[PDB]
Each structure stands twice: as C-alpha cells, then as structure tokens.
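Before I ask anything, here is the structure I am working with.
Up next is subunit A:
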Amino acid sequence: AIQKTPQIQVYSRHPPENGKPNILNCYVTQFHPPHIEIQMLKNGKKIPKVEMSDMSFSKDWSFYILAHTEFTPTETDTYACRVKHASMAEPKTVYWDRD
Partner candidate 1 sequence: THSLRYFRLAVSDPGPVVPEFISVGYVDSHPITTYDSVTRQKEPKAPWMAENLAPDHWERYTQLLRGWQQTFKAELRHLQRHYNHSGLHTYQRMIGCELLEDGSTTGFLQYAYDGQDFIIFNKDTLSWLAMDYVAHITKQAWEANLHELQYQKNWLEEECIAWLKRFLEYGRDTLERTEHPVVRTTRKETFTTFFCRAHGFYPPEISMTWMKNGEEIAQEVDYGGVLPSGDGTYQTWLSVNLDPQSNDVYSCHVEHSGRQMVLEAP
Partner candidate 2 sequence: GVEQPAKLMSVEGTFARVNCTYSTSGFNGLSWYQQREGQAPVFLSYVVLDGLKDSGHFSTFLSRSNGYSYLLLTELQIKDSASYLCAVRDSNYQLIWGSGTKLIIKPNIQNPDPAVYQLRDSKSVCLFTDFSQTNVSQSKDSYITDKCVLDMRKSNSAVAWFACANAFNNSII
Partner candidate 3 sequence: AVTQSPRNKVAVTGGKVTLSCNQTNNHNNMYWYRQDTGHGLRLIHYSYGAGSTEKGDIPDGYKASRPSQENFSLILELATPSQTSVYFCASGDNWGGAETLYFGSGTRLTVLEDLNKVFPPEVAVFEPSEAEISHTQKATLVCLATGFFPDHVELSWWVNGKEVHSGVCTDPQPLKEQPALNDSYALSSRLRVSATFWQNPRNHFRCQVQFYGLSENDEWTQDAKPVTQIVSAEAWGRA
C-alpha cells in the first residue's frame, strides 16, 4: 500500500586516482516495501560483480541496502546504478560524478 521512493547515492570508497583501482558504492535508502532490484552499470553494460549487503531496517520503517563493486576509474568510463522498485513504474538510474 504505502510506497516510498528510494534515495540513490553513488560515490567512491577511496578518493579516485584515475587508473588506480577503487570500489564505487551505490547506497540505496528510504525504500518500502522491502523488495527491490538494484543493478550497477559501466558505460551502459551491466556490471556482473555487484555485491549487495543484507537488507537493513531503519527506525522510520524504511530499509537501506548498500551495493558496491570493484572498479578502475579512468577519464572516460562512466558508471551508473539502476534501481527498480515498486514505488516507481520505471527503473531509476543515477550516474556517478567524480566531483
């Protein structure tokens, strides 16, 4: 019945030195009902090494889960995180910006 839209937040574990390996996290938060589908992307391809965490509970009855993968940042390759949730009629995609 009640559905809450997630909060995708894509970032990197350690400050990127392009050409040096890293792990870029996709920290999905504030979603309910608990069932969700999360997939991370590299230049449009589906990253096949996405390791999710166990689903966690929050005091506001929402859930949060952190999916990551090892990646080698460059000056061209882009990374995103696609999430399909019952709150949305289409999957939502958030790209990673170095900032």
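A few comments on the model shown:
By our rule, a contact is a pair of C-beta atoms (placed from the backbone, for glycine too) under 8 Å apart; a residue touches a chain by one contact, two chains touch by 3 or more; residues count from 1.
Regarding candidate selection, all candidates are chains of the complex that A comes from, given by their letters.
Checked against 1, 2 or 3, the single candidate touching subunit A in this complex is 1. Put simply, subunit A touches candidate 1 in their complex at residues 1-4, 9, 11, 13-15, 23, 25, 27, 32-36, 52-57, 59, 61-62, 66, 68, 99.
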